[PDB]
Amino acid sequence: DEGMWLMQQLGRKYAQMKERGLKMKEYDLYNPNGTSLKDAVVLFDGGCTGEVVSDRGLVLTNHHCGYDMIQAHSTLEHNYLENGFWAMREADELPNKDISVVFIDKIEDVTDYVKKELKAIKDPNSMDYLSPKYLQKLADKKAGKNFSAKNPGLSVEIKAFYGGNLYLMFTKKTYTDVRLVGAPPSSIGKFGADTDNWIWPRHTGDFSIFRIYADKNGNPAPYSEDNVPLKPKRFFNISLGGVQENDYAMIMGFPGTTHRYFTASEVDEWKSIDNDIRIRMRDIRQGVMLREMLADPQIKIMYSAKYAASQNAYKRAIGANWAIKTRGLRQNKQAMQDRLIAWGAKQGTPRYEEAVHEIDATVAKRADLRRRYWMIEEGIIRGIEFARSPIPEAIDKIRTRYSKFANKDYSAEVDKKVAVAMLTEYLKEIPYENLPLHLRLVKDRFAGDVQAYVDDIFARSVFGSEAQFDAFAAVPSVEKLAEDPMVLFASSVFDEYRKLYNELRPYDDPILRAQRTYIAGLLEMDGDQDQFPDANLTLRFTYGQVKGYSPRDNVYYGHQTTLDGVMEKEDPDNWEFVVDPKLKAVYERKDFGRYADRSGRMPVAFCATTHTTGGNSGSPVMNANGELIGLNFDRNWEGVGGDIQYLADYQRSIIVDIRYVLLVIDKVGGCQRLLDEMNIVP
């Protein structure tokens, strides 16, 4: 069900959560002064969520969240990334550089304190009410001096909610000694990673395992051999009971951004500039790359990862544009704004309408700039690799940047072909007068011939090939460098990119100010029960049910995938559909232990109507009694519009069944000590 709720809103949502099946007492889920399930959720390394799953500090998160650490410890001698990793004793758990888990020790509503302090600011249009610097100076003041002395490992932060109509202060407890314990092989962790990105059904065992280490008294400590496992205040019990269609499910984690309070005009802008441009440009770029990768095996090797990273946000944009076109997103925001405008007229209060027209007017005014901005960023800055060629003892410094640019995955021939297709589109859309200066040479010097222009850049640039770089220096002429067509291209586009960004930047603030007023209206009118605050990287809960959906006429996706699905998808030639041979043998023997359903089918993943976004990677998924039933890892493309409007009949969180995580730990890892330390319940 809809929304990413504040902990403070639990009481407002409690009735609704019970209607959907919640059996826990409010206090056991969250409370302000004691121990609750909230104390088992962590913010894992800056973005991801994770969860404490034993009384000795074991932490579960996704495989994609732990990927950097597993990769850091991997060698060709011990390739943990391909094979998995299972530490067979606590002493073999691997420390990690520059890692953190944060617990949210305390949350406090400080809206009154902040609005009082904001009264000193004389200027009515100051943006200090959202300034991270200013809010932290308020935080530090409220926490008193000596705070850090009196509270090992604690810190404070104030954040704005509801466009600056509400402020919370969080007290955070940060551990930096977090050690890798367990990871399945990549074939399991990344099963279908690219082809099935944003797809349900899904068959990925997307998990990894860490442990929080600390001092003898549980205080945060920097890494040392004398640190011991944290004995946490609360950890999750692990359910073996599974899930059924319609079962209650809930998630806590740290969603990043949403846009629930867009006006109709911002929706139109989001479609017609941001999404349309990303779609057109990435389709061009992807289409040339693909053609090259198909034609040449070595180019598939060099480019498949740049190809997949492009497709990631491309797919998201397609899905968002689909919702706009088919699910009524613009109309929903139109109705929200017209409701408040009728209401305000009746209250004799014109400021809500004026705020909506201010937003409208700013979006209208910035239109051509924004379009130019997106065209250049999607078309060139991201789209053409040689846009990031180097710009000027110092030759050795230049060589380093050249080497990074023309690295072992770079093909000058692919880059030229990509550039020709992207610039042809860019030049059709951007008129001569608004071009980055160097691109005026297409008309002026090459008579409209984009292939000739791009050919010339490579023919004469000292960065056009290694021998061209080697011959340049060798015999540096400084002199040649100042006329280099690549350098002048690169400089020229980044100069236009920069100047566009600077002229657009100021248009943000009027919109932000009006949103304060807009959201204040909405909340006065209808209250907060069905108007969640936009996500802002802070702890939130969401609740829903275990449920499939219909993607299109006469097709249904159910709520649960199985191991039978993995084997169906098995392809030993494609690295993303490789099946691990120990998991294959488990399947052949039906060696499922107590983790399969009564009918002998082994669950892999499930989906639910919870409301999640980027930042909910690794989030624990709880059942009606708060026991762990799964780990959140993706969402379906039909639901990406849900950052703007939740879609009950389409949006799903995609979740790894905790029974499958246990299976993999047991039968693939053989890591029995990790099951015995968890509290595994019926």
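Positions refer to the first chain, counted from 1. Just so we're on the same page, rigid core means the largest C-alpha set that superposes within 1.5 Å between forms. What changes on going to the form deposited in another entry:
Rigid core superposed between these two forms, residues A364, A474, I121, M88 considered: the one with a C-alpha shift of 2 Å or more is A474.
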Second form
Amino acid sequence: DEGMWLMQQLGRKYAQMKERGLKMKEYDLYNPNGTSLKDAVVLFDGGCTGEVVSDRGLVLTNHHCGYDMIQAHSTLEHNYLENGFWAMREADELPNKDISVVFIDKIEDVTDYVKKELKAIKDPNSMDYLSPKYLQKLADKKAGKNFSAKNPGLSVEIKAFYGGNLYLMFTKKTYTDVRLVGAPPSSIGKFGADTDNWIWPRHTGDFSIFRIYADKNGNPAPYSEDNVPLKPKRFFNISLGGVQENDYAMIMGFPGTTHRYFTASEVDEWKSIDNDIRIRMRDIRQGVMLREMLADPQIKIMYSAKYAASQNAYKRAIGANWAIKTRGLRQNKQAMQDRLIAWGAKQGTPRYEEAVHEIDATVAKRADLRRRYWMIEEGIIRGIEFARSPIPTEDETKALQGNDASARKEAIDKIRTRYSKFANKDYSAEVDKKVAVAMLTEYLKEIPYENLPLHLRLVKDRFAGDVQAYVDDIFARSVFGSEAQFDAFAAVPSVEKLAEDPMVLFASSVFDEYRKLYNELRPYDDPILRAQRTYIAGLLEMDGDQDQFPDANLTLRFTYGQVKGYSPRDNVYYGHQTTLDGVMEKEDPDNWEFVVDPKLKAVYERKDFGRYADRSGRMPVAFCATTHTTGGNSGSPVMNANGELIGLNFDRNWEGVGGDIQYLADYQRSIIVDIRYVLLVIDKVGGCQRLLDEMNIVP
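For comparison with the form deposited in one PDB entry, please write out the form deposited in another entry.
Here you get just the chain by itself.
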């Protein structure tokens, strides 16, 4: 069901949740004045979500959430990324360098407090009502200078909601010694990771296991050999009852962003400019890189990660436009605003029609600059690798002028390090020249002479319109076109060589225009934001927050719905649950993506599923639900009707990507790893009995 609900809206949403099958009592999942299941949820390491699943502070989150730190502890002897990691005792649990978890300790509404403060700002057009500095200052004199010394490991944050119409203060509790407990091998954690990205049906065992460690009194403390496993306020029980079609599911976690209150015109701009240019430019770039990857196995190895990373937003943009073109997103937002316009007429307040008109006229006024901005970001800043090649810093310029030969060598030696990082083991100038030529050709076809970053004017003015020659010339003459050319420069360095270096000139000219456009464009956000406040104010006055959730803003939210499959197109039906069969069916030993761990293959051939199989003896893997999810929900606990853990969220299907603008009941699904599959992997792949005994597993 629709919405990323604030914890303080649990009350208002409880009847609609009970109707969907919720059995738990309200105060059992969120109490402002007590302990609740909220207290078992964590913001894992800045972006992900995690959940506390034991009394000794064991935490589950996604594999891809715990990936960098699994990778860090991986040597060539002990390759935990590949093989997995199973700490046989608490003391073998590996600590981590730059990790955190954040419990949300308290949440208070402070709208009245914050609105009164703002009321003493003379300036009507002040953007302080959304400025995080300003809100942090209002926070610090609420909790009192000096709160964080007096309350150790606590902090406070105020955030704006519904476009400045609601404010909340969050009391956070951050633990910093979070150790690696367990991970499946990556063949299970990233099964089908590139190909099945955004795909249901899905077969990916996407979990990793950590523990929160603190001082002897359970207080936040950075890594110290004397730290001990935290006792949490509350943890999640692990259900073994499984899921079935139509079962209630709900999720809690930290969604990043939505655009639920976009005007029709804003939707048009997102489709026309933001998404279409992403799509066009990344097609071109992806074509050339596909072509060069097939011709050469060594290019294939070097470009994989760059290609698939470009591919991630590409397919997101494809999904979103498919929803805009087929599911009536634009008409939905036109309707909602027309509805407020009519209601606002009848009330005698033209304010709302004013706000809508203001967003419209602004959107249309900034169309060209935004088109230009997207063309450059997608085409060049991301499109072309040599766009991100070294510029000398003003400090390095200064040392290359005048005098000191030790300072001259020092400035050079750290340009060497930047050059080395641009032209690394994965960079190929030859590929980059071909990608540049195609992107630049499309850029020049779209962006007229008078609006070109300066160096790109030379294609007409000097190479007679020959884009291949211009690009060949940048590599031929430039100190960064090859190692030997850089060395030649380093031996006899001079600021006048760098000043006239055509790659440097291209790079800095391109970034100049990128900056200048950002800047011209920034002043147009403010009127839209101000009108957005007025617009959302009206939607709330008219219809209430009952069925109008606040845009996501990296805050703790709940969403509820059902375990349900769907139909993606004529005559094809996807069900609610995948199985270990689908893993077997997808095995390709000659492709890293679809490798099947030998221990898992063997668990499948003996049907050694134990208490984790379903009725009918199938081994569950994943399931999907009508729950409303987005970036930031990676790793969120999924609960059944009694609040017991039934899985971890790890993706959305591509048909649900326009869900950020409008929930799609018949298409949008959260894709969730089945907790029974999690336990199976721990039990029969890791052998790690102790942490099963640790969890409170319920029938």
